[PDB]
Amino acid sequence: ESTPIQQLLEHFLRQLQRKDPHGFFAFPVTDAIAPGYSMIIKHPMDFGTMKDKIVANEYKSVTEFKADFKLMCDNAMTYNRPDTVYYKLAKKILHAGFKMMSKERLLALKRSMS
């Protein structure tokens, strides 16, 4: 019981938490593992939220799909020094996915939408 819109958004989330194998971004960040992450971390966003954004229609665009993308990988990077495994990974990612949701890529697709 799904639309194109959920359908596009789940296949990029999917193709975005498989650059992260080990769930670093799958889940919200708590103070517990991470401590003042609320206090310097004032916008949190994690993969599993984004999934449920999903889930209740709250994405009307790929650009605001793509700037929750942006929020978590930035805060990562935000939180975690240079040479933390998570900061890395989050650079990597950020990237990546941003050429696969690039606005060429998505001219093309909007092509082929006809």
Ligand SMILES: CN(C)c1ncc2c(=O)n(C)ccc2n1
Contents of the next structure:
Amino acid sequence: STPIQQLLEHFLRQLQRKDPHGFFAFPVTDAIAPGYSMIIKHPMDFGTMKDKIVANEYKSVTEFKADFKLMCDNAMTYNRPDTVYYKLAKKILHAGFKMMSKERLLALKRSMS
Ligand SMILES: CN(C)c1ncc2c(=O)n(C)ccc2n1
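Given the form deposited without the ligand above, produce the structure of the same protein in the form deposited with the ligand bound.
To see the whole picture, the full complex is given below, headed by that same chain.
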């Protein structure tokens, strides 16, 4: 494993901890959610993000953050605001961006020198 992969796996584990029912663990199918493929054209989930880390597909934390944001945005686009999926996506997007904030990454950059 590489230092980037270890850091991204840590961020992903902490993010997955906020989803105990595993709503974001797997891709959303049309059988589970009707007309999903018709509304969401750029699907994303924690499993796809895990596979990208393992394959060393992320060049930076910004790229990882972009996939996480896409996943939350998709859930907030497809699902109405009063659903468990929209509510969890909004909660984890905020919590995730504070964990991977420019402030926290600058503090990590300073500890790398
Ligand atoms: C059952 N159903 C209608 C439905 N709809 C939307 C979603 C969804 O966005 N995620 C992320 C996970 C499950 C899900 N399930």
